[PDB]
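K.L.:
Each chain, written out:
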Amino acid sequence: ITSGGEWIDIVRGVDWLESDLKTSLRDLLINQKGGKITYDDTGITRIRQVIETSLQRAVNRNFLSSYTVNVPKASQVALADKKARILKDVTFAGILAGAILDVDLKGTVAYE
Amino acid sequence: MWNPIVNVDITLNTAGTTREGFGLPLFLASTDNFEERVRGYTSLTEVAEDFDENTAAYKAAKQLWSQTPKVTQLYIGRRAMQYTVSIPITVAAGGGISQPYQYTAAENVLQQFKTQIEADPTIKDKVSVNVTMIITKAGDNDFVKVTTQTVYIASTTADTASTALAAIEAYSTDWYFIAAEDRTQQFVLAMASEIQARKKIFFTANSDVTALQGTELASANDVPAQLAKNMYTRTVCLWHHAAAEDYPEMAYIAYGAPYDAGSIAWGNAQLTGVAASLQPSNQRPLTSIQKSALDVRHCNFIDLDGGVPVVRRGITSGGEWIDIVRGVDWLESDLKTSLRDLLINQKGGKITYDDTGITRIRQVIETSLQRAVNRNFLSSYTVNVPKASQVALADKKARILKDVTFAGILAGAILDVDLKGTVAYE
Amino acid sequence: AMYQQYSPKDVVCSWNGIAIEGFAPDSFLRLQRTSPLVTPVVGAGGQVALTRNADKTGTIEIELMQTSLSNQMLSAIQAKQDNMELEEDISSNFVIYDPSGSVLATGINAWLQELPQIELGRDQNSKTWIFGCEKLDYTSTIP
Amino acid sequence: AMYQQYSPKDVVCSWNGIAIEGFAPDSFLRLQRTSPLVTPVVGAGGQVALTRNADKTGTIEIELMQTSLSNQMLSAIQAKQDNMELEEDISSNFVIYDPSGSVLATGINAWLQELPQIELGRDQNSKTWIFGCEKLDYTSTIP
Amino acid sequence: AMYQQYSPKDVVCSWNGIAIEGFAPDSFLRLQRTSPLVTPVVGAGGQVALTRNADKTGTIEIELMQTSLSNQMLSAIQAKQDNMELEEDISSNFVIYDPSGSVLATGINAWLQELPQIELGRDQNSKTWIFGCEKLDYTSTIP
Amino acid sequence: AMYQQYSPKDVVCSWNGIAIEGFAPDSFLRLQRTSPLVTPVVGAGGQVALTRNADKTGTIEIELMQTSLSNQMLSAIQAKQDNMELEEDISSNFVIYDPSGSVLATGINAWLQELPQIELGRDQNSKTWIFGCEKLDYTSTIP
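Residue numbers (PDB author numbering), protein chains in the order written: chain A, 339 to 450; chain B, 1 to 88, 99 to 115, 121 to 146, 154 to 170, 173 to 450; chain C, 2 to 144; chain D, 2 to 144; chain E, 2 to 144; chain F, 2 to 144.
With the rest of the complex left out, here is chain A:
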């Protein structure tokens, strides 16, 4: 365990998960070599898809067990963001699996 009480496994898994999300979204945003990701619901759903896929990659490892994702509607985004060409308000949640490291045991012996 770390000095803060958190298992090393949790810390390292969270860091890897962040790195995987960062790489997947980077690969989506790059490689638009001749097109756009328009600032409407069609473009937002494409980002939802990659976030969900990258979280499913973690669920497959048995690191997580379930997750959820929420994204904003393109019809209610402030116009400052549309000029800055940035997307905000994306969030997600997850749940951890766990493991076993110790055992407690009791028994009895008798003639009957």
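One or more hints might be untrue.
Heads up, simulated DMTMM-like pairs for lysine to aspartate or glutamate below, C-alpha to C-alpha not over 20 Å straight-line [claimed, not checked]: (1) F/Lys10 / C/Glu62; (2) D/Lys10 / D/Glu22; (3) A/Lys426 / B/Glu390.
A few chain C residues facing chain A, derived, Cβ under 8 Å [stated by the list, open to error]: (4) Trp16; (5) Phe24; (6) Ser93; (7) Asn94; (8) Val96; (9) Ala106; (10) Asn110.
Simulated from the structure, these hints should not be mistaken for laboratory data.
Cβ coordinates follow ideal geometry from the N, Cα and C atoms, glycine included.
Given the structure of chain A, go ahead and fit chains B, C, D, E and F onto it with the hints provided.
P.N.:
Relative to the frame of chain A, chains B, C, D, E and F by itself:
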């Protein structure tokens, strides 16, 4: 600044969702931690900064946010304060004006302090001093504080319910539920009488053991009985042993506040982390006779169906269900907003004083009542309006429309069941 | 009161990072489970015992117009996956966005299963693409 | 924006060096694969494993008018191939030219598989010729 | 009333400290005794005398998917046991956990007896592993 | 998660330096051991003692299409081995390459044991070649 192409801030703190509904809570407490007469917060973390864990203004906020989904916002009001000094200083005023005072080695010392204060040309006019010693408001000052071991200090609320309520309303009118830290018989009754003349709801608790005995309301004279006798339909009273220094009223408020008006029932409510009403003497749940004694007073309580605590009935002191009161208030607000939106936005035109203009108002009133019918709050309604050919000419000069009326019918719900059966070989 | 209104215009499908557009005039989407949830067994005497099937796969059939540009993207994606080692992954979540909530399912680890049949005549004929999924999850907005 | 326009007039089919003309009033061309791309297998516990089929053959059905002159050419070509040794080759690429891009497939090493049924009545009935192909290749204009 | 419901998903097998997973689509487990409990003998005059067999061994056949990862573990375990002295023990209890109680037996001192046959085709074929046991014990929840 | 995907296309067999190709439509490969690993013995009193068989030979049956060109190579190889002295070696390792890991065995010192039966009809019939091996070794990727 430079921002990464993808930014990811992952954390380990679980979080829950909030919700928005009709009405927001306000907690009126005796405090001096800020100058404004009303200040808002959005989470318990913000409340912890201004207040310590042992203050009632913190317990009330802690109870409120225990329920799920959360309430969006919470307001805290400040009561007027008076300070007292004795012999077993620093004086502050609105605007950050502070002046220290000192005398070196009791009436002589108190008079020395009084003379120093009354001689100071900066802070004296905003406060008052009198001989123990007493310090109160003066002039425009709405805030005053005294702090300081050869001198002792004390504090006490120095206003009535009427004055505090008026002073807080003259600052912020955005709140529906109101609860109070003070639980004395006089203040509670005064606040109940004041809120009756307003479209607000006053939640209060009680732990008076004299309320658990006697079924005749005529002879009883505790606070719940007096509230019931006055038919204060806008007052909700809850009986709970821990009402001495804890505030379950806020949990009860948060139970139904997050939801829409007129579409829920406040009875049989389940509150998280709140124990049942226990007899103070032996810490056992109330007997049926004590529950009946509370019932005749129109006072609520936390019952046990056998393994689960649930607030029962959920009625105001006047006998009217909380749901009806809140739904009627929401309906009025909706009508007020819809007609306001019609009357405004005539930016370049008129609503002529003839039948063509009157039918347009009929239309919006009907639509706003249909909005309530869709919630299953009402079941049917009717509207009547005057003819433009028979309106008095004084109204046409005043540019006002009168004689509009409507009616509605309520839906209802089910909260209890009665059952009978038989068993036989045949 | 009346229920929420359906609108085909505000339905968006996505898979493998691309958006699928150009829905056909009729029946442009279908979702279905492969097996039922329960399978009763009845003895000669009338007793009943229930079997709870573990299979949860499904199929997603999306149908597009004849000249839609999304047909080229899927063909180009399929051509790439034929020249990849077995160790490389080919599955991705099939996400459907519908503000009316008339679609209750999403495809977990979906793959491309079949190619459209091509027919030509005096008029335009649609093209059907078929997908699979490891688990066709039915969810809802909790009341 | 709107997609590209379809035009039956500008569709040309070719095979064995001849051009096939005289399309029927309706449904004059069909293309289809013999087997799907993937075949899932589900265990009793719900696990999934995918089988990737190697078969890629297909069929091309082209339908012509009753009195079209292209019927004679195909009969004459078929008659020649019956009197050829097995060592001689009988397959050729089936090329379809379509400027609208509504057809995404071409036939690699196609052969003649069936002869049309002949029917006569008060009106004219079409004649269907069926071909095979070693590999029905789906291609696209790379976006 | 109706009996308890069967669920293949909640069946777990274990042996040698590892968990065996990836059950085949059908008939993934079988248990059987080697000999019957009694063997009657009838004389020429009709008299009957009963012989009570002492044998209680059995066989446990567990069948898995073609690409299941539990196949590698069993091969790796078998490879180790071939390079061990005869004095070292190779038997272990075969424990089956089933919340529905449809399986009434457990394997005492089970050993690996046979290796799966391997076959390949267009589709996936299962692999059967066979075990023995000193005493196939039938137990029940005492009414 | 889901297991690895099987693909008949990426399976390669080799023996005697040549590659064997042209697999039949179904069941083109089979592997099997000659004898089981253990043979229990039970006394009249119920005691059990285990016999560990030393035999580890096996058989590899590979089945090919009727007109596959790999049939000629095997016939040509067999013809050579009939005109060789007994001192010359005729065995070689039978190596199977499968990226999915669905085949767990390899043939050590395999030999040609039988020739295919030949049958002709309206359609094409497959041809089965049978091999032996000194030791059919089961291996795995160590977890």
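K.L.:
A separate judgement is required for each hint: does it hold in the structure or not?
P.N.:
Verification of the supplied hints:
1. F/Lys10 / C/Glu62: violated (27 Å)
2. D/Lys10 / D/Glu22: holds (10 Å)
3. A/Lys426 / B/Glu390: Violated, at roughly 41 Å.
4. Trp16: Holds - the Cβ of C/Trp16 comes within 8 Å of chain A, reaching about 7 Å at its closest.
5. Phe24: violated (13 Å)
6. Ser93: holds (5 Å)
7. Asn94: holds (5 Å)
8. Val96: holds (5 Å)
9. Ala106: Since the shortest Cβ distance to chain A is 14 Å, the answer is violated.
10. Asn110: Hint on C/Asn110: holds, closest Cβ of chain A at ~7 Å, below 8 Å.
Comparing the model with each numbered hint stated earlier shows that hints 1, 3, 5, 9 do not hold.
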